[PDB]
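First comes one chain, alone, set out as structure tokens in the form deposited without the ligand.
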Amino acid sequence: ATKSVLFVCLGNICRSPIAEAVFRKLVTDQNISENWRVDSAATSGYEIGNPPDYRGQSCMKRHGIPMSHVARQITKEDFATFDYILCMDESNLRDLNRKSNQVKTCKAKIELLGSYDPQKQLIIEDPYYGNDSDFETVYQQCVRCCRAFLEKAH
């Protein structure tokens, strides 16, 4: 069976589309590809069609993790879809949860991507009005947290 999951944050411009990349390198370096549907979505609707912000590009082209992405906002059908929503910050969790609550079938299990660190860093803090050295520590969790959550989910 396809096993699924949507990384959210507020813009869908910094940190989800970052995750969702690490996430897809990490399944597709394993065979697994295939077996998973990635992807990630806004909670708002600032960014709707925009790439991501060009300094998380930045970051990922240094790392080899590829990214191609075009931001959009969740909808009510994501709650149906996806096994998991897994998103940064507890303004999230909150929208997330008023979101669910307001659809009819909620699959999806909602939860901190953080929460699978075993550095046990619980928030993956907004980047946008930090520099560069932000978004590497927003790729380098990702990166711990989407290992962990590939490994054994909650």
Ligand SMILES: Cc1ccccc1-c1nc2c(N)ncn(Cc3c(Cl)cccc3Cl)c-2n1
Contents of the next structure:
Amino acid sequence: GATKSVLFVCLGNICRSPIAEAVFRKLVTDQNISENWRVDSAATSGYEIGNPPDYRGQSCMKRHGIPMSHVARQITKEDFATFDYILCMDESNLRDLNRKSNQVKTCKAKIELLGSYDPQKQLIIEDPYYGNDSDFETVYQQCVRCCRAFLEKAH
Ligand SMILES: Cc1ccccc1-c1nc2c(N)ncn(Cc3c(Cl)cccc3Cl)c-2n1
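I would like to compare: after the form deposited without the ligand, may I see the structure of the form solved in complex with the ligand?
In what comes next, the whole complex appears, and the chain from above leads the way.
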């Protein structure tokens, strides 16, 4: 049974958080500790529910040899009760998660910016919805650095 859990969150769960989830899953799978972890991603919004990751994100993960398979889903009340960590991308995500967390029965989760783990101090993982392939590459690299640091030692 899993003993550790992380939910990556962004606005739509189509660009940033599916990438963070996929990067993190590859780390724990390659280290044969995936059975210890629950890894997932979700949206603050219901707008994209059911949709796969953005093809720019799919292309970026294919180039880097990272498996990614996801259907967008909106965060639920249950998620605040069950996850150890909710790691989000930007200041608006953090405000939205903190507001929802204050209105549910149980908040087990520590809610933090994923970028707070970056040794290169690029705090915000910026929404690449209107962005180019370079902007997706920047997001991927932020996720690589932050996910490695989080797996090494959680705040
Ligand atoms: C369109 C937009 C303007 C300012 C800041 C963010 C976005 C913005 N980023 C988005 C992203 N990464 N993925 C999907 N969408 C579609 C969407 C819309 Cl149009 C409206 C409410 C929620 C969502 Cl999810 C995004 N919209």
